[PDB]
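Visitor: Listed below, chain by chain, are the residues.
Number of protein chains: 4
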Amino acid sequence: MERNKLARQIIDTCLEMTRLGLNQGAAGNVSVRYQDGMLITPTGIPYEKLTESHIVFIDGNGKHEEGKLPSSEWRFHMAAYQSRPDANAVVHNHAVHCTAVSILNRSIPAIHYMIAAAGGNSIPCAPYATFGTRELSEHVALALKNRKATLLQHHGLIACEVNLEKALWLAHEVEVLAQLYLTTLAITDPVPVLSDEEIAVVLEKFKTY
Amino acid sequence: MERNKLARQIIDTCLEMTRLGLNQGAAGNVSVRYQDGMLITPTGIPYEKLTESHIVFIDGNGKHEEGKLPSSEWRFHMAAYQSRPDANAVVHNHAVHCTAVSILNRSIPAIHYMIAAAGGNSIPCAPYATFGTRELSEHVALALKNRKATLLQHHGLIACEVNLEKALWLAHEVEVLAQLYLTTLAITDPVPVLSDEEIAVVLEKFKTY
Amino acid sequence: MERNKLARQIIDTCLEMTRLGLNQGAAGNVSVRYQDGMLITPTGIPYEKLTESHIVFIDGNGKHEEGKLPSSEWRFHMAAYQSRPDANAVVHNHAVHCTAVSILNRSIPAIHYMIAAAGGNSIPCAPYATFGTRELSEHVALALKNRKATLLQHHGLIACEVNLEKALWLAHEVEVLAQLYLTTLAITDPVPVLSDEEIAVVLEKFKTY
Amino acid sequence: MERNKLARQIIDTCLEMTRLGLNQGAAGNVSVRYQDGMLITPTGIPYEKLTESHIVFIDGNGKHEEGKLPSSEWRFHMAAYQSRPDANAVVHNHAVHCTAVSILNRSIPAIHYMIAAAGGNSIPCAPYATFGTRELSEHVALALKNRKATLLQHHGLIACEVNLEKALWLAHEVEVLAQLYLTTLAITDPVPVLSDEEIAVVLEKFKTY
Ligand SMILES: [Zn+2]
Ligand SMILES: [Zn+2]
Ligand SMILES: [Zn+2]
Ligand SMILES: [Zn+2]
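Residue numbers (UniProt numbering), protein chains in the order written: chain A, 1 to 209; chain B, 1 to 209; chain C, 1 to 209; chain D, 1 to 209.
Source of the hints: derived by calculation from the structure; they are not laboratory data. Among the hints, erroneous ones may be present.
Any copy will do: because identical chains look the same in the list, a pair fits if it lies in one copy or spans two.
As the list claims (entries may be wrong) - As a list, the in silico PhoX-like pairs of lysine-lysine whose alpha-carbon atoms are at most 25 Å apart:
#, residue 1, residue 2
1, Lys-49, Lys-5
2, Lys-68, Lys-166
3, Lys-207, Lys-166
4, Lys-5, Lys-68
5, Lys-68, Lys-207
6, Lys-205, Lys-68
Put together the whole structure using the sequences plus the hints.
Guide: Now the structure itself:
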């Protein structure tokens, strides 16, 4: 759990994210909780040129290491960590289906039982605010209160979890749910959903196993 | 036909399933008929970390080997084997087009002559029940009575066949049919289909060759 | 131009066809004109297990070599060669967009200037007939009279050209046109097209260069 | 910055363009500003057979080197360079989503904040004219006046930037925006957009960082 190991996992997570087709437009950024702040990807460097040394440490005060420029979206990664103490990693991307659903400004409802992976019966959509602002950070923080992933209106996705592996897995699953919702929405509106009772059973079953 | 050989084929089938784009969300599971029960993939292990030793034997009583946790969806694999004596392998996934059609709760009708690969003029959609339950297992068993593949409402797909190669092939073909049906459904409802007579000719022709 | 060289190109064409995403469902078949008939892919053998020795020679009488089973769809490859003397290679697949357009039973009109690659202002759709029949062969032959590619209703695509490279290229371009037509058809009906005069200019320009 | 180095980058850009799924139909062409004209890809040679020696120099008078045939679309690459003095590289392709939006003859409006990457609140669509003509070149030149990328009606996309890396990046981002617009357009018309004020803030923020 030295800095270098966490740094390699961030980079591996970026590469896997691009392999999976979630990092369309080179827009993603990934962070892990570390010491009193976080390790995040830098702005301006293509994912394929990234080395351990490029990863940027940002303390709990928001001061970043000298000589390195963190992601232009670092502020809501820090909002995530302060809003969800259990989160140890954060994945953000502009994946196409998640983003199209966020353009409609809709939340994804319970069209599939795997929706319970993010914590409840839906995937919320936080209202728009300019990227990098304190206003965007407050919407994200309120949205992650009872959910581990959220859409950002006219923007993309944020997913958090106990480690990078699980955070990537969740981000990917939300992209799948987003694609299921847009494919069926074009056929019928509204789309059939599972009841709240049904989702409460699945949630208990996921706690158990 | 030793256990290890069947175990390698299960793992190879998972990898090919992911290559083909059918294992979106790491949700699939694969089994083969063996001795008095089956060999199935374990729960919790990413497909890329799988080794021969991870494959779990489950007997005809439903008891699994000590120290190994089988897939959380093993029960309907055992339903498949008891309902279709000719089936020797079972592929289950949450492939995006199959699953979107199952969210609409529709069966796929005869829009293409290859529909006859699963046994008749359609691909049914079994009613929803919580994953891992005996109720889900009964719907699956009734649906596979006269068909080799079925959709599961709000869930995904199950396909079975005489060996893994053919079961993967069928699962993939149903995903193609699902995508053909959703693409044309967005344009026109209902979608043009081939008549029952026409499908009976194709079925006879597939018996012959 | 020995048989073995043509045989390797057929196999390479299958592999490239699968790489390009056009051979969904393992359904394609490829042939080249040779001697008094053709060399075609065999039925039953997965594309990745294919070797030079598997390629089947079928003479001008329709008799195939002893001990080898040609594609179940060889008959319309032979129809293509008798209907278009200039064709030296034939690619057939069940590519998803081409096939969805053939399910609607529509021809692809002039939505893009590259439509002229197949010879005119459209891509026709030949009426359905059972696969492998003489009736299907007659529709295909009439459709290829003034066009180098055609859709087959409820079925797929046939493209022909002077060599395999160009035949693959055309097949791929028709899949792109098919996808352009289904994407815009879901938004507006009918889709804007280029005039007949405009296509006549492009056709002359393609003759020139 | 010798000719050979620029030539390798053109070729690498073609390969990456095909990897990204933007060069559907082998239709793209790439150029860089050089000396008194440009270096462009040749017509007729598949991207995978390209070598440094194939790259064609075209002077400021439009005369190309002896013995080499430049792209059939070289003329609007030269229009781009004369219309935008800051552009040093030009990427053109027939990417499927960009092209479908150009078939509708619509401009892409501000559905996402990344729209500001091409310079304003939209991605224009230049009117159709036959490929390779002086009339097409004038529409392209007028469209790139205040934008770094444009759609071409019934045709495709042109993107320009200070170097190939950035030009590819922009072309790819416009394909993502195009796909976001067609996916949401099928659900609702018109699609929600960000206001002009909001885009002016983002534009200033991109100048800053
Ligand atoms: Zn972002
Ligand atoms: Zn399942
Ligand atoms: Zn066929
Ligand atoms: Zn072009």
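Visitor: Confirm or reject each hint.
Guide: How the hints compare with the structure:
1. In this assembly of identical chains, the alpha carbons of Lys-49 and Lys-5 lie at most 25 Å apart whether taken from the same copy (18 Å) or from different copies (19 Å).
2. Proximity of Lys-68 to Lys-166 under the C-alpha cut-off of 25 Å is restricted to the inter-copy arrangement: shortest distance 21 Å between copies versus 28 Å within a copy.
3. Taking the shortest Cα distances, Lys-207 and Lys-166 sit within 25 Å of each other inside one copy (16 Å), while across copies they are farther apart (36 Å).
4. For the homomeric pair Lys-5 and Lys-68, the shortest alpha-carbon distance inside one copy (19 Å) is at most 25 Å, but the shortest distance between copies (30 Å) is not.
5. For the homomeric pair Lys-68 and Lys-207, the shortest alpha-carbon distance between copies (19 Å) is at most 25 Å, but the shortest distance inside one copy (41 Å) is not.
6. Taking identical chains as interchangeable, the C-alpha atoms of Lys-205 and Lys-68 lie at most 25 Å apart only when they sit on different chains, with a minimum of 19 Å there against 45 Å within one chain.
Violated hints for the displayed structure: none, as all numbered hints are satisfied.
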